[PDB]
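A single protein chain has been omitted from the complex, and every remaining protein chain is retained in its original position.
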Amino acid sequence: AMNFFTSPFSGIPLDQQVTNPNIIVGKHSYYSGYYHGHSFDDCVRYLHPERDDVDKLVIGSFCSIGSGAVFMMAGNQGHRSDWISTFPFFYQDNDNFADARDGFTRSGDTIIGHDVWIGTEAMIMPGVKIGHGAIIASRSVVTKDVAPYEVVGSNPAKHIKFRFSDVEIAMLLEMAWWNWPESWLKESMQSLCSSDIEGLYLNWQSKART
Amino acid sequence: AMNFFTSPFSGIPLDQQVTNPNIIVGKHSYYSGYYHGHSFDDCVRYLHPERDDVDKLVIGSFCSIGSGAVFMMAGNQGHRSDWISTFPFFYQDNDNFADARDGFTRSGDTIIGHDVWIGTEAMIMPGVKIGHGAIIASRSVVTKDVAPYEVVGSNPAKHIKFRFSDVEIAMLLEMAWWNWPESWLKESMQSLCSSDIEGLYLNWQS
Partner (left out) sequence: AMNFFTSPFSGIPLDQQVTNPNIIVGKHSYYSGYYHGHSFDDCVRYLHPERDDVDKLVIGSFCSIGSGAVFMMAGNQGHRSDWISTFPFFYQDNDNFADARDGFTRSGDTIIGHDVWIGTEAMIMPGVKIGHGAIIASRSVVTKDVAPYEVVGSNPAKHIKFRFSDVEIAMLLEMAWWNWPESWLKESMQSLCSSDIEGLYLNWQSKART
């Protein structure tokens, strides 16, 4: 068939489908895109694969990306709202447009941290940074940065809550379980599937600190 | 062929296209899905057909479902925001995840009442109940229950208005024309195509 995915429940690691060199993905992060057919490359829109001078998409490890999520690249796509016209004369081929200026403006890289959950059909605008552990609700339109462990939703996306207390977020950012050795991760599965941040932090501290 | 539907103006009854046993639909309700290609089955996302221990979708009679509407099932899909990580270790095959716990949690059935109009590309969240006669605006993201004859819109969806007065809604919920024999409906078409709720209510009692 045309569907890249064999099952609605099928989630395929990002690094097994990405071909665009300007998409940088960490391990284990996955995309479950059955309901939109295409692989993850086409979630990332208007990203030139051959140019090193445009905004890149960087995704950390252990991210969950729902079906049909969109990452908008290419900044303003050549449209300048502060110029007289938003029409991209520079990029349509008409000899009457020869003296046009190039209206393309970059927005900066889009950076998704570790352990980020992106709900189905959410749209990430250009240049957005999403902190570790954040949650983007389904159908969000994310127009500005999202803090670590922050939950946002709506269009434009706005703050809903933080997943944990400030001291709990500080502990998680210090211990950075996503960067632990494979052996530590495997040994920690039961703890990571729980709310026991303090226990895991104290356990990590005795093992990793000196 | 590219499309389940022959025409943009073609609406196909739900009970002529649904195959998932966990989707229960009443008569005459239809889906007009030309602009998204697939039949109604694929509107209903992540619903295991073979299982009886998962949230079901129930839709009443006389509902109008616009193109590309989405009914989210499978509850939290194995992601626990209250756990340290939302990553679904239990459901990804890596030997390092062998001791993970199953984060799946049910949300409850999604229940759509009778005579509900769902606008194109609305998304219904898991476990939501939508009362009889409601209207879901196009592109709504319905995150909580909707009352009978309530109009909602936006993302998240929020109250816009009620279609009728409190007493008129009481009369409609009491007479429940959707359950009338179709011979009755034939004689009632002029009333149903009008705002004369009290008039029909009086005829019903008589």
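A and B label the chains in the order they appear, each numbered from 1.
The criterion applied here is as follows: a residue touches a chain if its C-beta (ideal position, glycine included) is under 8 Å from a C-beta of that chain, and two chains touch if they have at least 3 such contacts.
Screening B:107, B:138 or B:203 against the full complex identifies B:138 as the residue touching the chain left out.
Among the residues A:50, A:53 or A:99, only A:99 touches the chain that is left out of the figure.
Among the residues A:72, A:118 or A:200, only A:72 touches the chain that is left out of the figure.
Per the touch definition above, the residue from A:125, A:160 or A:173 contacting the chain not shown is A:125.
Although one chain is not drawn, the whole complex shows that of B:76, B:154 or B:203 it is B:154 that touches it. Touch with the hidden chain on the side of subunit B covers residues 8-9, 11, 28, 30, 35, 62-64, 67, 115-117, 120-121, 133, 135, 138-139, 151, 153-155, 163, 172, 177, 182-183, 185-186, 189-197, 200.
Seen across the whole complex, the unshown chain contacts subunit A at 2, 42, 45-46, 72, 79-92, 94-101, 103, 123, 125, 141, 155-156.
In the analysis below, only the chains that are shown with their structure count from here on.
Rounded to a whole number, the gap between the C-alpha centres of subunit A and subunit B is 30 angstrom.
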